[PDB]
Structure formats: C-alpha cells, structure tokens
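Q: Generate the whole structure from the sequences, applying the supplied hints.
Listed here are the chains, written in short residue letters.
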Amino acid sequence: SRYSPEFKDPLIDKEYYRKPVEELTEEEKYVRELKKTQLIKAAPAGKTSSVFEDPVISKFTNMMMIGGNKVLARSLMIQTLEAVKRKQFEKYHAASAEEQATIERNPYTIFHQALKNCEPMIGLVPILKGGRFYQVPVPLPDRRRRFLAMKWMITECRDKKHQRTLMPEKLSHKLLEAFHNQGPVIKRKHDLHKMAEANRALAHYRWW
Amino acid sequence: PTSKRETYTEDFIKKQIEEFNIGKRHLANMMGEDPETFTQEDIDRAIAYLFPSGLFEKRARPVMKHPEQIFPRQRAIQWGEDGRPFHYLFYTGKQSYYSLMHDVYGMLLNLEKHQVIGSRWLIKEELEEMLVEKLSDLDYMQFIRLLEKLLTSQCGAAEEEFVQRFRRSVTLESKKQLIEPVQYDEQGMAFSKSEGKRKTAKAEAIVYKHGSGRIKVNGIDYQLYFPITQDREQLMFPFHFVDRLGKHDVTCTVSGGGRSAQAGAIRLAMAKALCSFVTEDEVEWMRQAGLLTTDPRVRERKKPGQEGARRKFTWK
Amino acid sequence: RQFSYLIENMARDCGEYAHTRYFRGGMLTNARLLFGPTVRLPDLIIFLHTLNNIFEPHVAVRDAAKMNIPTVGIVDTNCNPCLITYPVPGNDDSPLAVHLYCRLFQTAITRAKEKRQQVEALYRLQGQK
Amino acid sequence: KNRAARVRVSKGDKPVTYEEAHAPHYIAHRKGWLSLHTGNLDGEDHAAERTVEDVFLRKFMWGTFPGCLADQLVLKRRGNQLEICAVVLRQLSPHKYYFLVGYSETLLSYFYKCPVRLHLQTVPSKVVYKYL
Amino acid sequence: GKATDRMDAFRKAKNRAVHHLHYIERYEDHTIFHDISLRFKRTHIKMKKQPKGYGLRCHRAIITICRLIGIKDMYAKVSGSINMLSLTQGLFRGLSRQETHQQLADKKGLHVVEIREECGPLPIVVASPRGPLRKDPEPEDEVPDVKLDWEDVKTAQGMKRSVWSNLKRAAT
RNA sequence: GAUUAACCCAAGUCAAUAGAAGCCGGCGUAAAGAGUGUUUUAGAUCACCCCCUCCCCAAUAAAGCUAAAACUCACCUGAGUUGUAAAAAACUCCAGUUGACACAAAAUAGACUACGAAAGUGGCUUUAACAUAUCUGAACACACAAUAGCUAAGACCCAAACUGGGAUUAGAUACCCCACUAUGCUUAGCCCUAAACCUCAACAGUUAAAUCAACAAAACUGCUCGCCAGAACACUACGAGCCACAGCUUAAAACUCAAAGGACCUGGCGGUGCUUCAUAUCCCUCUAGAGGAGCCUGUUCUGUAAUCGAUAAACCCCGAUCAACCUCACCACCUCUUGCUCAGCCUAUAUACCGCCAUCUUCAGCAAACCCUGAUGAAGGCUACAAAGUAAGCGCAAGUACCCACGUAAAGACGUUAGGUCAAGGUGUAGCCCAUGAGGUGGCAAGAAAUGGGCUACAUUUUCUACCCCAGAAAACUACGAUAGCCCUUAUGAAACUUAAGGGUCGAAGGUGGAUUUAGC
Ligand SMILES: CN[C@@H]1[C@H](O[C@H]2[C@H](O[C@H]3[C@H](O)[C@@H](O)[C@H](NC(=N)N)[C@@H](O)[C@@H]3NC(=N)N)O[C@@H](C)[C@]2(O)C=O)O[C@@H](CO)[C@H](O)[C@H]1O
Ligand SMILES: [K+]
Ligand SMILES: [K+]
Ligand SMILES: [K+]
Ligand SMILES: [K+]
Ligand SMILES: [K+]
Ligand SMILES: [K+]
Ligand SMILES: [K+]
Ligand SMILES: [K+]
Ligand SMILES: [K+]
Ligand SMILES: [Mg+2]
Ligand SMILES: [Mg+2]
Ligand SMILES: [Mg+2]
Ligand SMILES: [Mg+2]
Ligand SMILES: [Mg+2]
Ligand SMILES: [Mg+2]
Ligand SMILES: [Mg+2]
Ligand SMILES: [Mg+2]
Ligand SMILES: [Mg+2]
Ligand SMILES: [Mg+2]
Ligand SMILES: [Mg+2]
Ligand SMILES: [Mg+2]
Ligand SMILES: [Mg+2]
Ligand SMILES: [Mg+2]
Ligand SMILES: [Mg+2]
Ligand SMILES: [Mg+2]
Ligand SMILES: [Mg+2]
Ligand SMILES: [Mg+2]
Ligand SMILES: [Mg+2]
Ligand SMILES: [Mg+2]
Ligand SMILES: [Mg+2]
Ligand SMILES: [Mg+2]
Ligand SMILES: [Mg+2]
Ligand SMILES: [Mg+2]
Ligand SMILES: [Mg+2]
Ligand SMILES: [Mg+2]
Ligand SMILES: [Mg+2]
Ligand SMILES: [Mg+2]
Ligand SMILES: [Mg+2]
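Chains as they are written, first to last, in our numbering: chain X, 1 to 208; chain L, 1 to 316; chain E, 1 to 129; chain P, 1 to 132; chain Y, 1 to 172.
Certain hints may be false.
Said to hold, decoys possible - Below, simulated DSS-like cross-link-like pairs (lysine-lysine); rule was C-alpha separation at most 27 Å, straight line: (1) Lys8/X with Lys202/L; (2) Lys77/Y with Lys154/Y; (3) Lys41/X with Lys175/L; (4) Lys11/P with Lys4/L; (5) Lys14/Y with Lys41/Y.
Stated by the list, open to error - Cβ-Cβ distance ranges computed for the label pairs, FRET-style: (6) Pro5/X with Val116/L: 21 to 29 Å; (7) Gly118/L with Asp8/Y: 53 to 61 Å; (8) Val182/L with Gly68/X: 35 to 43 Å; (9) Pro5/X with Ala17/Y: 53 to 61 Å.
In short, the hints are calculated from the structure, not lab data. Don't be surprised by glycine CBs; every beta carbon is placed ideally from N, CA and C.
A: See below:
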C-alpha cells in the first residue's frame, strides 16, 4: 500500500458531520477532535455522497465486472433495474384493483429482498478427521451468506444454459423469481440446507 | 595488528581548530568576501561551487566544517597520574547513567519527607549524547519510569527544570488546509484558483464566488466532456457535500491521464478552490471526507524477472 | 537495593568508590578491555553484602581472589567466608546495623586520610628546617 | 550471491581503499566515475572509441609505472585534451618519474593524436580507508 | 588454547599460562621433598624422591614440565589412563600440596634430621621449629598401619621381572 | 616400481618363528553380586563389656463365608441387538426393566508403605503360625521358587494363544471387528525358567580427608564368600546329571576381526510434544488462470552422415535482448603447413581455479581479540526487582534512488549444495602439433510419440461497422473461432516453398476442461 498506517479511511456520510454539537456525546465529541489530527485517505471513485448510492448494488456490480470494464457492469445493472421496473408496471396495469396493493414496483426493494431470500443459514465445510474429509455443517457468518447470494445469482445467469439471452433479461428474470421464493438460486439454497440437515450427525467433528 | 581505532586527542583537535580558522580566511579571499562576517553557510556555498559533487549521499560530498562537528565526542581520560578515578562510580561502567539514577532517586526521597502536548521524552539515541555512554533499551526504560514517577509526585520548582531537560520538543503541523487568496478579475468577479493531481493527470480550476453552476472543462461543457456518469458524480461531490450546488461557476483545464484520472484531478482542484468560499469548519469536514488529499496511488513498475509489477512467472 | 543509595553516598563522602549495581562479568578479570590498559584496579574491596539477589555468593568474591585483591566482608549465617580475607560475622539485613558498618568504615577511612596529612606536613616541615 | 566489485570480509588484516571498499550500487551515491567524457550523454557519439582508449591507458600506465600506482587512474577529457591524474608511491626516484612523464605523454600524444598531460600526486603509502 | 588456526592457539595458551602459575617447592633445588602418590580422576602418578645424579626417569611430558619447574632428579610412574591433561593437572596438584621439612617441624614442633649412608651415622638437621620445641618424643610404633604398594614391595624382594625396566637411555 | 640422495646398523643385515616382562585390579550401566534361604569343614574379629522400634497393618497353610458385577432361567414389554476413525460379518428363544441365582475374580480405603527368605502378598471370620543371644558360609547338599507348560480327574461367568470367518492392504500367515478352544481356577504329581533387575552381595562402621572420569541412586573403610579378564562363535557342540525327551542346568574350541563396548557432547532428523504463528500463505476462504482443443515455442525420446551446455526445488522462449549464408563449434568432400599472432586448439578436467551467478535469503545472523564456567574434556555462556559475559568489524538496520515518513527497487554477511559455466574471456594440470590446428564448397537441424511454458479461442459482459462510450446491424452447418494449411504479391537480402507483413482462398478441432496445480493484499 502507498498509504501509511497513519492514514485512516474516510467517512462519506453527509448527515454525520451535520449532527449538532448538542447531540454529540462525550465519546463521540472526542472522536471528532481526534480525526482533525489524523491523516485521511482520498475517497475512491466508486462511492460518492449521492442520495442514490447503494452499497449492495455497487458491490454486485463489482462482482460481475470482467477486466476492469465497469462501464459495462454498471450498464447491465441499470438495464436490469429498468427491466424489473418495466416488467412490474406491465403487471400492475393488467392486475385487478385489489391485486395492485401487493405489487412492488421499486426495483431496489426487489433487489435487496431477493438477495435476502437466497442467503443460507448454515454451510458445509470439509473437516479432516481420521484421514478423511467430512462435509460437516458449519454456521456461515453474516458476510459469507451475503456474498454467496450474490455469487450464486451471477453464476446462474452466467451458466450457459440460456442460449441467446442478454444478462439484463436473465438477471431481471432471476430476481423476480427469488422475490417470490422461486427459481434455481433458491433451490440451490435448499439443496445446501438438505445436505446440512442430513449430515448433522457429523456436527461434532468441528471444534470452533 | 594493523587496524586501530582512530583516536583523536585534545592536542590533535587543537591543531585542527587553527587550520580551519586559517582556511576560513583563505576561502574568503578566493570569493572576495570579508573574513570577519564569513559564516558557515557561505562556506557550504563556496565549497559546493569550487568542488561540485552530484553524489546523492550528502555525507560523501566535500565538507569543510568546524572540528567539533566532524570528530565525534570521545570519553575523556577517566583517571589522574596516580590512577584514582575521579568519579566514585567509575567501576560500574556507566558512571554517567548511574549518577543520574542516583540523583533522581535522591529527589524522590525528599518529596516524601517534607510531604503535555508538544513535548516528548528524550529518545535513546539522544540520551547517549548527554552522557557519552552506550545504553541498552532496558536501561533507558528504567530511567523513563523514574522521571514519570517524579512527575506524578508534587515536585518542586527545581525538579520541573530537571525533568524539562529530558523532554524534547516536537513541532506538529496543524492539519489545516491552506486557503487560496481570493482574486478579482477585470469585471470585478471574485474567484479562487487551485491545482490538482491524480495519477498522471494535472488540473487547474477557477471557482467563481457567484455563479449558476456552469462548468467548462477545456472550453467544453462538462456533460459533453464527461459522458460517463461516474465522472460527473465526482464533479458534484465537492459541492454537494457543502450543500451549495448551483452557486458557483467553474472554468477548469485538465491535461494528461485518462477519463477517470482527469475527474479526480478536477475534483481536488475545485475542492481546494472552494475552501476559500466556505467557513473553517466546513473545510475540516471536506478534509475528513477525503476531498482535499492527493491520492498517492500511482502505477507500480514492472520487475525484470516477473510478468508484472507483483505477478510472477508461472512456477514450473 | 534497599541500601544502594546509602552506600553510594558514603563512598562519595569518604572519597571512595562503590558498585551497588549489576556486576557485569569482567569488571575485574577483564578491566583492560573494558576500561583500558593503564587502569588501576581496587586495592581493597569491602563487601557489605556478600550474597546476590538469588542468595548466592557475589561473583566479585572470587574475581577479587583471582586478581589477588584483599576483600573485607560482612558475612551472615548463610554466607560463605572462605575466600573473604577479613570476615566480620554480623547481621547484613537490618538497616540499624548497615548504618553502623557504614559509619564505622567511613570514619576509619577518613581518619587515616587526615592522619597522613599530619605525618607528611610534619615530615615536610621538619625536612625543610 | 553477488560478487561484482566486492572485497569479501576477512579477519581484519586486509587493507582496502575507498573505491575498493564500495560496491557497484554506490557508484553514483558514494563514488564518482574514474573517466569523465561526453560519449555516454544523450545525443552524443563515439562512446565506443573513448572506452577503448581508457582500457588501454589504464594498462599502459600499470605496466609503465610498475609498483608505483597507489590507486586507480582518473581520466579527464576537455575537448582535444586528455588529462591523466594518478596517485603514485614515493619509492621510485624523481629522476625516473620525469622520464616516464615525458615518455608517456609524448608516446600517447602521437598514438591518439591529442595533447596528453599527466599529473602525478605522490603519497608515502597506500591510503587505507578501512581494514576488511 | 582453542582456535581454528594452530598458530593462534599457541598464543592464547602461552599468554594465559603466565596468569595461572604454580610455585613448586624444591628440596635443595633439585628434587621433591617426599614421595608423592596421588590419583587425578583415573590417572595415577607415583613420584619418588631421588638423589643427585639420578636424573629424570619419568614420562616424557613429566620430563618437560620438570625442566620448566627445575626438578633435576625424580622418578615417576604413570598408571591408569595416560591422558595428558589429567597427567598435567594432577602433577601440579601433587607437586603443590607437598609438605616441606620446615612445616613438618612447625606442625610437630620437632627437629627433622637427615640420615645419609655416605655421611654414615652423622645426623644432619635440615629444619627446626621456630616455636617451642616439644620435650616429649613421638610415641614409637611397633608396626605402622600404612598402606603399602605391591610394586615397591615386589621390587625390594627381587620379584619384579621386566625386560623394560632400568634400560640404558640418554641423559634427561 | 625404477632412479638419485639420505638414515640406521655393519661383516653382517633382519624376513618368518619361538621365547623372555603378566595375579594385591575390578563386579549399578563396560566382562563380572551367578533367583532365595539354611548349614557343614573352616575362617573372620563386627562375639563379653555396651545400650535404643517386642506387639499391631496386605506372610504362609487349612476350613468356612459373600458385597458388587456377570451368566442362565422365568414373567412383562418392545422389534431389533452387537461392532466403530468408519464398515462388514455375526446374533435375532435377541434386547430392556424386575426377581432368583458361582469350585470365577476380589472397587474405595491405599495420598498407607506393612508382611515374608525370595518368589510374592491388598474381600470377611476363625484355628495353627512367622528359625537363630557373634558374623560369614554352596549352580550341584537340603528346601523353596512368578508366568508359561506337561500328565490325570473335575469346574466353567469372563477373558483368551491356536484356528475359522469379516475387513484393510500391492500383499497381510499382522495391527482393527466377531466367535470359539488349549490355558488361566480346584485336587494330586511333575517341570525348575525370567529384564527372578531396587541390574547396586552378607555382616559391622564412618561422614573427616584427595568429594568425585561420565551418567545413575554422594563417596569411602574393615571382613568374608561368589564371580569376571577383547569381541563374536555361544542362553551353542560334546560330556554328565535330572519324573525334564523340540527340555533345563553346567559349559569349550577351531575358523574370523582390530575392534567391540559403556557414558557424554554437538549437529541433523523425527508419520516428536507444548504454546504461538503463517496475509497471498501451510489448509479452507476471495479472483483470474493451467491441465481439455488448435497454433507458437522449448525439452525429452526416436531419427539423421550431421554440435555443445543447463536439466528436482534452484532445467525447460534457460546461455540466445535470438541459427536462411555468416553466426558455426557440427557432418561429408577437397586443400594448406613456422601457419592473422615471437604460433595455434570451442581438446579433457567446473571434482584445480579466478571471474560472474543461483539457492536457502519472503533469513538473521557472522566474527576477530579477550574474559569466565565445566576439577583447565568435547563443549558452553541468559533471568532487568538481573544470576558472566564484554565486543571492533561484516551483515541486517540506517542512509540513498524513484512520486514523501509509505511502498517498490537496490542491498543482502558467513556458510550450504565439490550447485552452474574451461563454449564470455583468462588460466593451473595432462594431451594434439602434415593435425585434436587453419581455410574453402555443399549440407542437416526433422517429427510416430510424450511433456513444460505461452498465444488465441470456445462467444452474447459477445461478433462486425461508425464513434471513442445515448447508435445501427449480426447471431449456429455462409454464426463465434486459426497468427495454421494452400496460392499469389510485396519487404529485406547476393540468395527466401523457406524469414516477416499483407491479400485471397479455406471455415477444422473446440462448446469451458480428470487427477491435480500456479500467481496475486
Ligand atoms: C580406524 N580404522 C577403522 C576400522 O577400519 C578397519 C576395518 O576393519 C574391518 C575388517 O577389515 C573386516 O574384515 C571386518 N569384517 C568382519 N566380518 N569381521 C570388519 O568388521 C572390520 N571393521 C570394523 N571392526 N569396524 O576395515 C579395515 C580395512 C580397517 O580399515 C583396518 O584397519 O573400521 C572402519 C569401519 O569398519 C573405520 O572406517 C576405520 O576408521
Ligand atoms: K529392574
Ligand atoms: K538432537
Ligand atoms: K483452460
Ligand atoms: K491447451
Ligand atoms: K564458481
Ligand atoms: K582450461
Ligand atoms: K573459459
Ligand atoms: K498452455
Ligand atoms: K475477433
Ligand atoms: Mg496484468
Ligand atoms: Mg542475611
Ligand atoms: Mg555387564
Ligand atoms: Mg541379585
Ligand atoms: Mg538367572
Ligand atoms: Mg475386594
Ligand atoms: Mg549363614
Ligand atoms: Mg562353588
Ligand atoms: Mg540356576
Ligand atoms: Mg515353578
Ligand atoms: Mg498349570
Ligand atoms: Mg468368551
Ligand atoms: Mg484371517
Ligand atoms: Mg475353556
Ligand atoms: Mg520381580
Ligand atoms: Mg552371600
Ligand atoms: Mg569373549
Ligand atoms: Mg534360557
Ligand atoms: Mg544346551
Ligand atoms: Mg548333551
Ligand atoms: Mg537441445
Ligand atoms: Mg557454410
Ligand atoms: Mg574445432
Ligand atoms: Mg561449481
Ligand atoms: Mg524506504
Ligand atoms: Mg530484489
Ligand atoms: Mg538497506
Ligand atoms: Mg464466418
Ligand atoms: Mg490467413
């Protein structure tokens, strides 16, 4: 790293600084003065102080990018958001008066919830006991299950079963199926849940 | 034995003091100066002209200094003709270090009987110069533990002077951005000019005090110059943070680098020039947000035996 | 350590040398290198405590015998007086005794130093006339 | 391990010179250059012909002043002129030094068609920087 | 002396030997005061006091040391392990712990008289006590309970057959 | 071995052989206290004086007894029980509760330290009962002696050699699972062994002196008995004796070697322990890849009349920042001879070397000179409320370079691998000298196969075009995809199917890659 350990990460939160001094707690007040002395890193290009910034949609864009082509990864994400937006408007005008109250049209609320319906609770880790590897169920951490949800959605879409379908139409179709708890990505979570509950007899091999 | 440590006595150093004084009057005759008012800075300037050396090491270049700054301080003879050591702690090996611990421990006993920012404790390397004695790390810590113990107690006025000697000073540079001088153009509009740098991109930004939020990069509207939204987001960031969008007119000229290197360089220039039209408190928030710091991340060089900067050729 | 301050002061008071600190191996058996070739070692070592902090004989007891230096020592009931030339058997722990030894050795030494200046002055004065 | 222009450590009885005590990675940090011309500058030419003259001159002086050279030569070029600067021992008689100066100056001036001047600096004994 | 070069080991050993010197007492400056028979570890050295002209008839190393000490006449036999270091460390130990005739007189407060066949029955006083001479003689013992050496008893009774003893050799 | 010189003895020399010098030392581990006790003939002086742990805790033998667990049977219930790193086999009148029920074996106490000659003895009770008023005293006398084992007759819960079955394994006459027997138990006889080792004889005594090779369980004295004298052959052979008949006891030699052995030190290693770690690292975890296809390229095999070198990590687009001729050292043919050189050699040896490097090093050591310890052995050398270490010098570090203090370069000691290179050049030694030298002409350097590295791809986050980021087309047998093949032209050059570029034709495999594996904060 070209930054020294002295350099601290910057805080882009715009509503934090505005906080009145009257609300500042004694511990928080101290921190603010301390940061003045500290050196701060330059904010990276990815994150700004905009009101539309979403850390989950920026991380999902970085996990699809290939070779630093972020203009294409971001383009696919926005096309997908617009495809989810246009498909729900088409399902809202053709719905009954009482069916329109249960139709979500915000593509973000769909993206965050669909990824939450794919997060597994427990995973399988190979442990070496008696010169053999056993896939014992282990509790996945919060980050791990948030990462697996994104990786599986991108692997399913990348999978070469759909012969000639553009990513925005594929990613949009999988996000709407996981929103209703359907599709292979959800099924892939169940298959990992069915193998962790069948091999619960080997839940003592692990130590941590 | 052929290798002997170069020992310099007082008589040898006394003859070196006379050659420098005479050489100091000769060097002033060469340059045509007055010998009396010929300081050491002029000697360093005259020796760098008469003996020009481009050696990167400044300790390997010609130097004509006073013998007290060249020759190191040496432990003087520690006994008379009879052979009795002057000091009573000679046989300890560290008579200077132990005489100081004996004095500090003696002042801590008197206290019982009758009963800060900008300063740092003398470093180990600086404490071996006051005593002319080699000191281990552990011995230095022991000495610091007694001084701190001295401070906690209700030390008298004299003791404060004693401790102060071992407390060196550190000049801390206030982490405050340098405001640019507001200028005025022919029409009378106020503005501030600053410069930025990102990778290989260099940018100059002029920020007018009053404007309608119009930005011209190299004479072209920013949206035309920057098609990618991300680049435009970087331009907005400084102004959005200080909640003053659509209030200034910017005229910048960026050269070098690429698409994303040019925006970063402009962001930093605008941000620095926008600190003159905001309060001191807002400038500190910009600093804590990473808007006034120059990103030092630049491309790393490739090494002769590797595929890349850090990537290695495949191990067979 | 309890009497380290007291001994160092008395040594200064009586114009003599002290070493109440950690004995670096070689002070005596290696003085030429550590101090120099023309160094003069002690002619008499007075041990007020013949043991170290791990209840074992001080290394200087044996190092002074190798350099044929006469030693004086205050040996207690758990001390070794075999290499000590003049051993005084007494308590070496109580502070009321160590103050006596220091007061006695400091007085006997100061007297002799003042006794020679009287014998020399008489000899020098008598010699002149 | 790297070997170039390095004097390996010894018991301490080996005396080395300043130039001999520094390795190649100090050539521009603690050392200068023994030859100074323009051949190797950007846009200059005849770098291969100034080099051959240096290799021969150092050998001509080593065999013409045998046992008398305390340190390496410092070759200097200013236009047509070539200046050889040398540190030599005082063992040899001065009469023989003046002979070798007029013989080497003249011979090398007719061989390289240039004015050659040689500047000797006698020293009692080989200056020692440290003992490796 | 220990070093990597053999010439460096000679200096260390040579210069350190003058700081670990012994003083060996000599009877009439040519021999030991009495028969010494010690054992260092596993090495046995049995020295014997001999008259002038006998020479050194001992282990070759003992002959080197004795010349250094100044002992012209002495007989020694080495048994057990012939380790040079135990023979050297054991010889100096026995040669420094030998009691002189003056000490013997002071210890017992009596006269030490030397009897020689060449001088017949004449009694020669070699040492006398500085302190009070004892008026009572040492109680005579009919038989002394002293441990003997079979090698010496076997020689005096003419039984020690050896084709290597008392062989003609060079002057030592 | 020859030659020269020298050394020793000398009318002798000195090869083979034989002989001459052999007991007062030892026995914890080197060869020796032979399993135990008693006595005899005798010896000793520790026997009178003169004195201090009787009895009781797990001695022994006999008879009797039984608390816990188990087996078995019966009832009731259930449908399985066993086995384990994980399985199979086995069993299914099986399993669980309850109750009844031993010729087996004896938790806790026992953190005790006792009895007995030793072996050995640890549940309860009772009887008998535990030699000796000096010591010593036996391979064989006399009497005992764990386990195993024999013979005979009983018993039988469990365990269990053998055996059988199941599994593992390259194999498995083994380790793991199951079942079962001899045997372990009782009675009566035999056998007579042990790492029967507290490897440290019995009795009496001492703690001073030289404490004492080492280690272990401090070192000695008196007295006596027993044993032992290089290793191995040899717990053998023969002989004798024995209820022993594949046995035990006692116990040699020949051949053979010049060592074996005991106890330490250092270092290395360990499918060695603890603890703490690894940040691109050991493993998992993140990302792009490799191995799959084609091409390029190197190597190995094969081939050819037709180089050399590197070649586990640390070789393999390595020497070469480079081979059409030249380079060139190779092959075939021809030619020259003081030869471009006061010659020459790309001849052998890198295991003679300099020189330049690799590697551990993505280390932190290295070391002169002293000192001390260990009884002056190889060896070793710290404790900060400090206990023998001090240290110039080399390195690291620091400085420097590049965009700073960061990071990256560079640097990186001593050593290791007789690591690499005599073909950079030089060079020691041995070798060739009408040829192992020099020159000319022509020529080969391929590909059944295998392998390493790389390039391009298998497409839709793509293809083509315009633009350089608000587009329009394409899109599976005229798609994606060759830098290959074939043909032509051009460029360089004296010389090009041959090298490179371009165009045209052609439109293959391939559809995401097994085992494994690389790099990166
Ligand atoms: C000091 N010498 C050591 C000794 O060497 C010996 C070694 O002797 C060997 C005999 O010839 C052989 O018949 C004998 N072979 C038998 N079957 N007996 C070896 O056992 C014997 N080695 C030995 N005892 N260590 O080989 C011989 C040629 C030797 O060099 C004679 O001096 O033994 C060697 C190891 O065997 C060591 O390497 C040597 O250092
Ligand atoms: K045992
Ligand atoms: K070891
Ligand atoms: K691949
Ligand atoms: K491939
Ligand atoms: K080499
Ligand atoms: K050679
Ligand atoms: K060469
Ligand atoms: K490849
Ligand atoms: K393409
Ligand atoms: Mg790259
Ligand atoms: Mg005391
Ligand atoms: Mg034995
Ligand atoms: Mg026994
Ligand atoms: Mg036996
Ligand atoms: Mg029981
Ligand atoms: Mg008996
Ligand atoms: Mg017998
Ligand atoms: Mg027997
Ligand atoms: Mg038996
Ligand atoms: Mg039986
Ligand atoms: Mg059974
Ligand atoms: Mg089987
Ligand atoms: Mg049975
Ligand atoms: Mg036993
Ligand atoms: Mg006996
Ligand atoms: Mg034998
Ligand atoms: Mg047997
Ligand atoms: Mg037999
Ligand atoms: Mg027989
Ligand atoms: Mg090859
Ligand atoms: Mg040719
Ligand atoms: Mg050739
Ligand atoms: Mg090599
Ligand atoms: Mg740096
Ligand atoms: Mg490097
Ligand atoms: Mg450095
Ligand atoms: Mg096509
Ligand atoms: Mg083509």
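Q: Hint by hint, note whether the structure agrees.
A: Here is how each hint holds up against the structure:
| no. | hint | result |
| --- | --- | --- |
| 1 | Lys8/X with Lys202/L | holds, 25 Å |
| 2 | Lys77/Y with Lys154/Y | holds, 15 Å |
| 3 | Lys41/X with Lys175/L | holds, 13 Å |
| 4 | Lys11/P with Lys4/L | holds, 14 Å |
| 5 | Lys14/Y with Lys41/Y | holds, 25 Å |
| 6 | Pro5/X with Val116/L: 21 to 29 Å | holds, 25 Å |
| 7 | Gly118/L with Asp8/Y: 53 to 61 Å | holds, 57 Å |
| 8 | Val182/L with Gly68/X: 35 to 43 Å | holds, 41 Å |
| 9 | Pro5/X with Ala17/Y: 53 to 61 Å | holds, 59 Å |
The structure is consistent with each of the numbered hints, conforming to all of them.
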